[PDB]
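We show some of the complex, not the whole, and keep each chain where it was.
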Amino acid sequence: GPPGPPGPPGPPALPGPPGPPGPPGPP
Amino acid sequence: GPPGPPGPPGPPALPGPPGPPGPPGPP
Amino acid sequence: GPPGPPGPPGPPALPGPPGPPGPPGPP
């Protein structure tokens, strides 16, 4: 028989962890 | 002929987005 | 024969990279 249809999209991967602390504030 | 084979994999999962910003910097 | 089954889901992808640096330090 003919091949079946493509499967469905993969699930979305998750967002990453938080970034590093920010830089110093005003002088 | 016999029943056909499975289709291929679905479209790619998308790579995960970047995480949130880090916390504020030091004073 | 009839067509085969749909394919597998797309495979899982890598959760995103760390976020950017945080805000500047508070005034």
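All chains are identified by letter, namely A, B and C, in their written order; residue positions are counted from 1 within each chain.
Quick note on the criterion: contacts are C-beta pairs under 8 Å (C-beta built on N, C-alpha and C of every residue); 3 or more make two chains touch, one makes a residue touch a chain.
Trainee: Beyond the 3 chains sitting in the coordinates, how many copies does the whole assembly comprise in total?
Mentor: For the whole complex in this structure, the answer is 6 copies.
Assume only the chains that are shown with their structure count from here on.
Trainee: So the centre of each chain is just the mean of its C-alpha atoms; given that, what is the distance between subunit B and subunit C in Å?
Mentor: Taking the mean C-alpha position of each chain, the two centres sit 3 Å apart.
Trainee: Can you list the subunit A residues in contact with two or more other chains?
Mentor: Those would be 1-11, 13-25.
Trainee: What residues on subunit B touch subunit C, complex-wise?
Mentor: 1-27
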